[PDB]
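Just one chain follows, in the form solved without the named molecule, and it is written as structure tokens.
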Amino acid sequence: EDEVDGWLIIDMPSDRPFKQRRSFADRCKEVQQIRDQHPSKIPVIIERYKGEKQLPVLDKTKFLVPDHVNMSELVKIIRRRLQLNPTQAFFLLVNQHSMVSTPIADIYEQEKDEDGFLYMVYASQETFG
């Protein structure tokens, strides 16, 4: 959402989140093709949490993940790419809850968006729920 700590966050279009820069038809079409071409891989969107104030910005948004890699392994990969030390808090959240040894393929069938992408947000703090 566009609401963070009582602020309505307005962004220029190219600074908006993936779901707002790209139409649903365009997202769904891209998933369908990537699932055809790489059925052994999960299409994942990883974005910095709108209100993150500590963690650096990731150079990629779209990730094609081998489907038997588990969540704990994806975290290490993203931690490694952001060159985070093990003492820095880092959370990779799927629909607002944190990642776990379940294969990403199970998570995808359980938590994928209507457009067929799996959405994830990273942040230095867990969100209460």
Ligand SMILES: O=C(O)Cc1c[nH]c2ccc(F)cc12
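Residue numbers count along the first chain shown, from 1. Shifts are known only where both forms have a C-alpha. Here, rigid core means the biggest group of C-alpha atoms that superpose within 1.5 Å across both forms. First, how it differs from the form deposited with the named molecule bound.
- After superposing on the rigid core, the one stretch of 3 or more consecutive residues whose C-alphas move by 2 Å or more between the two forms is 85-87.
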Given for the second form:
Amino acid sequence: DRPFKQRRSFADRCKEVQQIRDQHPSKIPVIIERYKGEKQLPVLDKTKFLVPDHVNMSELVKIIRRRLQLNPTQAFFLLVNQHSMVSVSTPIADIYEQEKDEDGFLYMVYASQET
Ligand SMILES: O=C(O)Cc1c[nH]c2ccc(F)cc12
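Okay, that is the form solved without the named molecule; can I get the form deposited with the named molecule bound now?
Below, the chain from earlier opens the complete complex, with every other chain and molecule after it.
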């Protein structure tokens, strides 16, 4: 259950982004993890997503919500560096250039609170 950055070294994370640049150049490499203090939402099956660079962030919110199989009642937020991405109808390619990690991944966190 450890976070991605505790399972992979910085150099290995950089090499993985570089490999994705070669093999899936039109995809943004995204890490999506459950907030550490999250109580209500389940853990997602997978952590690493290759997102076509034209996808709007607001659509990624809907996709992850569907993957979690929640009621329309359960609150859900997907955050990039504590910015909620529910209303961001901007392609991920633009968010990437602005919010990417030094290792080249784009890190997101989901929670039942937007704090
Ligand atoms: O969910 C995934 O597996 C990765 C992903 C996120 N958004 C997408 C949009 C189109 C597509 F082909 C794949 C994706």
